[PDB]
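We begin with a single chain expressed as structure tokens, specifically the form deposited in one PDB entry.
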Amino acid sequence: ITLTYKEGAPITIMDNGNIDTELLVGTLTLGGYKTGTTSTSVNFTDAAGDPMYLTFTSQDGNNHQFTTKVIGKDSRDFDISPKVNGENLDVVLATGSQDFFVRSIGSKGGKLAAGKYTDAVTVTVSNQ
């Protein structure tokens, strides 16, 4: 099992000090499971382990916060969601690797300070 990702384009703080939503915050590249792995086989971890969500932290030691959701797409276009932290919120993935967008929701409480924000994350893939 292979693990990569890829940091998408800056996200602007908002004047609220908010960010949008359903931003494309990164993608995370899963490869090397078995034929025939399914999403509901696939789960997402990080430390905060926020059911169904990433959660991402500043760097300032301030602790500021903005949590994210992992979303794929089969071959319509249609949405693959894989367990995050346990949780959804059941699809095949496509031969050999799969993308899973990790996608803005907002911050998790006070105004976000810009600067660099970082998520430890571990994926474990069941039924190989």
The other form holds:
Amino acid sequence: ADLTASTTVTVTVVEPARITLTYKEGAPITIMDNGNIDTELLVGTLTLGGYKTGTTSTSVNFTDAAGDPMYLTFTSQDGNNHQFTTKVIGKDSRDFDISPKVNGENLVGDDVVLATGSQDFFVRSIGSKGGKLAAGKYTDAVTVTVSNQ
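Having seen the form deposited in one PDB entry, could you give me the form deposited in another entry?
Here you get just the chain by itself.
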């Protein structure tokens, strides 16, 4: 004889929150003959990955110790406090300028959905309000916060 029983089996399948970041250095920065650094130099290329499709540009915030809204600040290591600022910008699908928050504010463009898979951002030079940048090593320690949907 055949006997039978039956059960309903339920399984929980979860999506983790994976976030990756690749930084590719740009060319070294050369000081012009008047003592300025050029503007719009590609300082470096950031690639944000891991995130779920639907992640937006306002849910990404690059912050640093100087805390200047819209700008990352690089500072000399020689104790003289020479600083220049940089912006973080990228391109959307229609090839328009976008930006993530930088210290809590967007510099350019409308809130957008990030490209599927990964999104390239470019660190670009603005300049210094001081001027007269000495030759040397300039540093920033940058936190990238992604608030997952």
